[PDB]
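Asks: Single-letter residue listing:
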Amino acid sequence: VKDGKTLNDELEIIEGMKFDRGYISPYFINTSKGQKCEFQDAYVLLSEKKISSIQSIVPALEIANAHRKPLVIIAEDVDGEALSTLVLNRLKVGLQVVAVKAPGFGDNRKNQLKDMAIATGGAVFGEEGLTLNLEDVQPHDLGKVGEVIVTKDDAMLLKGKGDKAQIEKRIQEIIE
Amino acid sequence: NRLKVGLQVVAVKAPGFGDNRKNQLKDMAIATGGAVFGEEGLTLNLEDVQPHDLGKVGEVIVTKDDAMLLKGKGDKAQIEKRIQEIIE
Amino acid sequence: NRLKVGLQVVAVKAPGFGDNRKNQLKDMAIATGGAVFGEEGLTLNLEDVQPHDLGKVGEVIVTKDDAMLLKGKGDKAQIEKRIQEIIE
Amino acid sequence: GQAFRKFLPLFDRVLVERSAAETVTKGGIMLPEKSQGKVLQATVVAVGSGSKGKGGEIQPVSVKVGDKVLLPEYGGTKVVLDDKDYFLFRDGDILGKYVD
Amino acid sequence: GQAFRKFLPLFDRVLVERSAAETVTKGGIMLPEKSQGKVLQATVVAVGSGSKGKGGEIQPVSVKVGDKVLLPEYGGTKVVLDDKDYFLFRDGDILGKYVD
Amino acid sequence: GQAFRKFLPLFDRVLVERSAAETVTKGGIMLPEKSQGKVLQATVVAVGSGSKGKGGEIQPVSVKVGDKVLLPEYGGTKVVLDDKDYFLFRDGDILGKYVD
Amino acid sequence: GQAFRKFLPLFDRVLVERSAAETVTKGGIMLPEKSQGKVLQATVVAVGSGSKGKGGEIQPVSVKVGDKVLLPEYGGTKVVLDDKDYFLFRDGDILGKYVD
Amino acid sequence: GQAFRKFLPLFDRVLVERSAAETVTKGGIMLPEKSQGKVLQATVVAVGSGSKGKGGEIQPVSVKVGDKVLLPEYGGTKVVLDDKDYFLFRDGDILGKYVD
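Protein chains in written order, with the entry's author numbering: chain E, 177 to 352; chain D, 265 to 352; chain G, 265 to 352; chain S, 3 to 102; chain T, 3 to 102; chain R, 3 to 102; chain U, 3 to 102; chain O, 3 to 102.
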């Protein structure tokens, strides 16, 4: 429960994978609405580390543009230079993309991104143990979800195709 | 160029702020009709400006402590769409 | 050399003071019979030591916090003269 | 040594010109200008007379005009001709020659 | 001086290429990539024309293409051909030649 | 080696003089003096005797008086003759020659 | 210029190997490994071709393989062959030759 | 080039040995060891082969063994033979020769 704001009570159901963090650049605003970015069937990129170099960000956008589908970028943080590339390809021709930082604050974010990847179906990037360098990503290496919406101060993932048996096993892990 | 021959010019800074200042400069450009310079995403370098790339207004008056733009020809449909954006 | 072949050795610092420790080391040397090393007045470098240049005692026992020297063969007339010095 | 639009280097120099800036990627993305450094593949536009530093007779410059070369990184003088900036390097500084 | 895919060094240079990265150990363990530095055993892919710095007649480059050499540590220029990074060293800089 | 108003350089030197300051722009604006640096296109007024550093016989200076050259940036001695400041450079330091 | 297990130095180099570590003393005491530095008496295992830097004809390396020499303190670079670390020095850097 | 107890310098070197430490004064006082520096008058014990750096033929070392010389101050290598420390200098470094 939270401190209400209206005359009456309210029962809200936060469904999907949603979190308090908003889209970084206000150039992805394709909603024609209150600061939203709406994508349908978009790919996902999931890096545990930041995204600084243009060489790092470039192949993901290459794969996305080849498939011609919108892309979400859930990572630690976006370089101003890769951000500049993004805004360049967004203001003009308009490669459907969007940038958001990591939801979890600390150690929690590592588990949260792992769960997000396994929910959407894919693989976290920036790993320590295998480390999954961004230079060699693959069309089955991206997070895939039915629908994504981003506000300036939260975003939601919907229909992540993440191997329901696998997410089941993850659930069993965390429940034990 | 002003004291002698007298190229009619005038210098004024921006309103002064962060995000609101950038939005206000954008709105000023779209109101007068033109394009903001110093952008991040397209960045519109000053070296290559064009006669249709300038802000154009009927009259401008500057005091020591405020200034006024009057007749910005800024694509009234476009400024309308901007208004709809900020009102939503 | 201790964990392997088993040289018999032991390490202990000085008593720990200022000039008093130097005097006590001198007295220890003259008691056991030998020459203090690290001197200022006469250098007595360790590189050239001699079998009659070592302190020799009957028995030595060391704890974690103190040690005891026993039967220092230090020229009893010489230690007597030392005693006379310090008593005067 | 061969010259250019009223310009000629001196005894060691090689005036050349970088290639384009390579804005877009190969496949489908485009890159900004603040990135991508300075294109290190260049073409030689004019050549100095020759290395007079050689004892007695002077030494002719090897890389002939019209060649694609692998530029060095730091050494070089930015000169302007007709508001076209060219780069003047030293003959010993050129890395590779794109022979084909 | 022998060339490569539209490339040729200049007067001293030796374009070569390190060997593989040596991920796994000999016996049964495997190593990551952030370790293991850069493999210092390399093979020469292209060779410069020759040392023109020799008085009068120029000096031919000794290490011929197709040789396994013991690279130096720091000196060297990272060049790219077809997105294949090769290293251009100087003829005096090569340490050893794996003759066999 | 040719001289000037009771002046002559020594063995390597080239006394020259920058061109004008280029106050106004090309089209319609005029620039101040604190900007615009120092005009790097110059004309040679006097020339040294020649490079005696050449073994045995000395080496004559190449760039002859009356030439428009591309000055270097830093190296150079500001000398005064009749309160007319000229710049004395070194023969190896001249970048380009405006041949036409 | 003589070689080793698929290795050969270049033009100046002398691959050699230090002697043992000298653990125990002469008489009756044994020393650790962190002390005792690096044994400066070594034997030459392979020798470079020769000093090509000599004008015209190149200069043969003097110290022949199989010699005990007095190593310099910092000269030479570590190298590995078969996990056996040898040290490659420069011909001018060897201090003394243990002739006998 | 003459040798010592299974030792021989290389091409420029001169192994020598300082004289005594000069403990007592001339008249009646004696000095400690921490003072008195290092006795700069020495005798040459072994001599290098000769200066090969001389063009073509090598250059013989001048100071012959058995001479009293005025040592330099800093340049020199402390070498040990039979636990007898000798100093190896360079032929150009010897200051004076005590001829008599």
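No wet-lab data here; the hints were simulated from the structure.
Mixed in with the good hints, there may be bad ones.
[Unchecked claim] Each computed DSSO-like pair below joins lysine-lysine, with the alpha-carbon atoms no more than 30 Å apart:
(1) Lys-54(T) - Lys-54(O)
(2) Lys-212(E) - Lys-345(E)
(3) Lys-54(R) - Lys-56(O)
(4) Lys-28(U) - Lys-70(T)
(5) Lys-56(T) - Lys-70(U)
Asks: Take the C-alpha atoms of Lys-54(R) and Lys-56(O), compute the straight-line distance between them, and say whether it is at most 30 Å.
Replies: holds (27 Å)
Asks: Taking only the CA atoms, is the gap from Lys-56(T) to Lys-70(U) under or equal to 30 Å?
Replies: Roughly 35 Å separates the two Cα atoms, so the pair is violated.
Asks: Regarding the pair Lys-54(T) and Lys-54(O), is the alpha-carbon distance no greater than 30 Å?
Replies: holds (26 Å)
Asks: Assess, step by step, whether the Cα of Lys-212(E) is no farther than 30 Å from the Cα of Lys-345(E), and give holds or violated.
Replies: violated (34 Å)
Asks: Has the given pair, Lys-28(U) with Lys-70(T), been kept, meaning a C-alpha gap of at most 30 Å?
Replies: violated (44 Å)
The structure fails hints 2, 4, 5 (numbered hints given earlier, in ascending order).
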